[PDB]
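A single chain comes next, written as structure tokens; it is the form deposited in one PDB entry.
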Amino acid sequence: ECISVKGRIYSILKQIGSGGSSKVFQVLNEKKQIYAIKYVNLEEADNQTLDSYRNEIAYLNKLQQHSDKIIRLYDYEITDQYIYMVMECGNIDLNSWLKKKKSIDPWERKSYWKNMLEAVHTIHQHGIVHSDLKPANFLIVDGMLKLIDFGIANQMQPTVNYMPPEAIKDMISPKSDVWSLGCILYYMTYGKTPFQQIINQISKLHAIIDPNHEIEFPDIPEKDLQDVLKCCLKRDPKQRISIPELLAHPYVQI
């Protein structure tokens, strides 16, 4: 019912995430302030798991200085037995927010886009490619989006719809994250991801890599947004827009 880390006591309001050897709790400290604590049980864990968990805290810790669109890490306790990570708690994950919304304020959708670009840009400048970017991986906190993780440990959970063609064709570059950001932006403008409607999964992966399968970009008022989506959703990573290009794009600048 309570969690201690580097002395201090947090009371559990509830569990919010799960996977493999870990749990995430929404939590209060003694001044009744809210945090997310991640718990990782290490007693039964492979060295490939441990290394991933160590790499994650190292990276999360270094990236704090670089951008406020990365989740804050206040403190952590690491032992042969466990990890506790005390991190900022958000209002809601972007996936659960998207399922509520009847529709999105176009100026809200742009503001989020910017936030996602700045987060992912920051991890790219430290030589990290997330590779598994879904809306679940972003947090709304003070009307801004913050990236939650780095693709370095991958157990945690609150689809194959966000998968770039080249990750499937590989029997990966930063351009891989542009595809998935493109799928999230497409979801935010059309109320679906591009291959949402394809029903079975084997048939989805066929669509994602098949050149003859054209994606539909319906006419919308925001001609720029349409351009961002068509550039993010090119199957050829080499012909696909980069993050530094995306930040110079009229959609975020004009």
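Here the rigid core means the biggest group of C-alpha atoms that line up within 1.5 Å when the two forms are laid on top of each other. Numbering follows the first chain given and starts at 1. Compared with the form deposited in another entry:
- Relative to the superposed core, residue 16 undergoes a C-alpha shift of no less than 2 Å between the two forms.
- In a rigid-core overlay of the protein, residue 219 has its C-alpha displaced by under 2 Å between the two forms.
- Relative to the superposed core, residue 30 undergoes a Cα shift of 2 Å or more between the two forms.
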Given for the second form:
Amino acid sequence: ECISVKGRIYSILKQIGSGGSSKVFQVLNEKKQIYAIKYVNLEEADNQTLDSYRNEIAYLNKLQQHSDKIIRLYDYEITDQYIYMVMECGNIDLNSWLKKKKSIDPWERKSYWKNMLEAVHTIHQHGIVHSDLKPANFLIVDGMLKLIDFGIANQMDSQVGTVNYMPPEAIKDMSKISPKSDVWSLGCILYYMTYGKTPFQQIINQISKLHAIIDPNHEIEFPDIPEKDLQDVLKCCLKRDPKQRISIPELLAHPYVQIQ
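Right, the form deposited in one PDB entry is done, so what does the form deposited in another entry look like?
Nothing else is written out below except the one chain.
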């Protein structure tokens, strides 16, 4: 049918998904402008769960002003039973688009990489460490990557939670989860954009994958390519020791990102 936020009326074009029962929709306001509206049901949420949603909502609203690589939260209404959020409506999340794409335009990969670092740098400036980045977390809005989520709301339809992007600090640390950890994941994303698979995607035993990820003897292949900067980038993010790992400010001054 049709939804009203705060005021304020919206026709429902489609449903982008069921969280669930978070439920995203393609919607249209009175001016027939397209937004994305995220309904969430608080009916059965507790202290910390609720307080995590508030917190993510809180940052998303504040971090608006610091970068345009964060998804626009235009307006939102929240009660004791639910949340509605009016948001920037994208074209397609990165993960899906990559599965479709057979291989990417080299210059487009560089473009997204800049978009990615930019958004993640922002949240890092405010002392947020996402710690769980996948292509899924990025939305192509008008040919441009935007981070749609800060991984604060860590609580809620197959089993599809991959450890392909997990940094080795996480796994040894059983502290050391820092922004460097976020670099590790971003490396994997580019690596996939670069080479086709993620570093340990070929291994299929989750338990091994882990042992592999944290084992220095296990060496990631970096097949030689035209873009030897891209290779250099890839080599620096996937350095198993955080200290040895490169930082995002340093990545922003990298020839790969800066030189054409």
